[PDB]
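The primary structure of each chain is shown beneath.
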Amino acid sequence: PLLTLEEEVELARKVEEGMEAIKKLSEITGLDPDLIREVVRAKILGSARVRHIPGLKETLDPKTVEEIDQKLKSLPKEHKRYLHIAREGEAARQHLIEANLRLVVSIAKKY
Amino acid sequence: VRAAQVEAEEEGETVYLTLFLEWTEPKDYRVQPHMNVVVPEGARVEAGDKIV
DNA sequence: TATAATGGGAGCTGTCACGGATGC
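Sequence order for the protein chains is A and B.
Numbering-wise, my numbering puts 109 at position 109 of the first sequence, and it's gapless, one number per residue.
Numbering-wise, my numbering puts 16 at position 16 of the second sequence, and it's gapless, one number per residue.
Since the hints were made in silico from the structure, they are not lab data.
It cannot be assumed that every hint is accurate.
[Stated by the list, open to error] The calculated DSS-like cross-link candidates involving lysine-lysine, where the alpha carbons are at most 25 Å apart (straight line), are: (1) B:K50 <-> A:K24; (2) A:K77 <-> B:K50; (3) A:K57 <-> A:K109.
[Said to hold, decoys possible] Chain B is nowhere near these chain A residues, computed Cβ spacing over 12 Å in every case: (4) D32; (5) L60; (6) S106; (7) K110.
[Unchecked claim] Just a sample of chain A residues kept apart from chain B, beta carbon distances all over 10 Å, derived: (8) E10; (9) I28; (10) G30; (11) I44; (12) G55; (13) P62; (14) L101; (15) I107.
Note that beta-carbon positions come from the ideal geometry of N, C-alpha and C, so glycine has one too.
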């Protein structure tokens, strides 16, 4: 179903803040922000989909995402809080996309 | 409002009650759609804490 | 790169007859 102004602004906001949180989590851990994003995304979507990403300098298999998810869970409370933020931002991203999937149809019918 | 403690003094044909009261006063805050609450239900705050 | 916009459109109408896989 379609998004109420509140639901839209909320999912949007959570996305922006999870992007922020991946930046902060890179600041903290010194790992690559893209690798971070792909790990958070992996665990959000599930193991149903994990595959090698072309920009990533590392092959993204369940072994290394478990390793990096573990080294992420080994954080202080005020840092691991950013892991919870990024997870929420990824889920907001998927829900906002799937919400606005009908705008695409109404726009491509004229093409 | 509740009367925590009650001190009394006798004087002439009366008493004067020095009541140590404790009570809660409400204030409303209207939220707009562009806004978000940062506080759970029934959660206590102090002077300067963020509500919305 | 920033008003806001949120589920498509055809279809095509006059064969005939089998075999062989699928529902009361």
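Evaluated hints:
Distance hint between B:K50 and A:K24 is fulfilled; the C-alpha atoms sit about 22 Å from each other, no more than 25 Å. Only pairs whose Cα atoms come within 25 Å are accepted, and A:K77 paired with B:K50 is accepted, the gap being roughly 20 Å. Restraint check for A:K57 and A:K109: not satisfied, since their Cα atoms lie roughly 39 Å apart, outside the 25 Å limit. No beta-carbon of chain B is positioned within 12 Å of the beta-carbon of A:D32; the least distance is around 30 Å.
Non-interface status of A:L60 relative to chain B is upheld: no Cβ of that chain comes within 12 Å, the nearest being about 33 Å off. Distance to chain B confirms A:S106 as a non-interface residue, since its nearest Cβ pair spans about 24 Å, more than 12 Å. Once the 12 Å rule is applied to beta carbons, A:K110 is consistent with being away from chain B; the minimum gap is 30 Å. Under the 10 Å C-beta cut-off, the non-interface status given to A:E10 relative to chain B is violated; the minimum distance is some 7 Å.
With a least CB separation of 22 Å from chain B, A:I28 remains clear of the 10 Å interface cut-off, as annotated. In this structure A:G30 is separated from chain B by more than 10 Å, as the shortest Cβ-Cβ distance comes to about 29 Å. Residue placement check: A:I44 keeps its beta carbon more than 10 Å from all beta carbons of chain B (closest about 21 Å). At the 10 Å boundary, the C-beta of A:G55 stays outside the reach of chain B, the nearest C-beta of that chain being 33 Å off.
Distance to chain B confirms A:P62 as a non-interface residue, since its nearest Cβ pair spans about 35 Å, more than 10 Å. No Cβ of chain B comes within 10 Å of the Cβ of A:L101; the nearest lies about 22 Å off, and the non-interface call holds. At roughly 25 Å, the least C-beta separation between A:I107 and chain B is larger than 10 Å, which holds for a residue marked as non-interface.
Consistency note: the structure conflicts with the earlier hints numbered 3 and 8.
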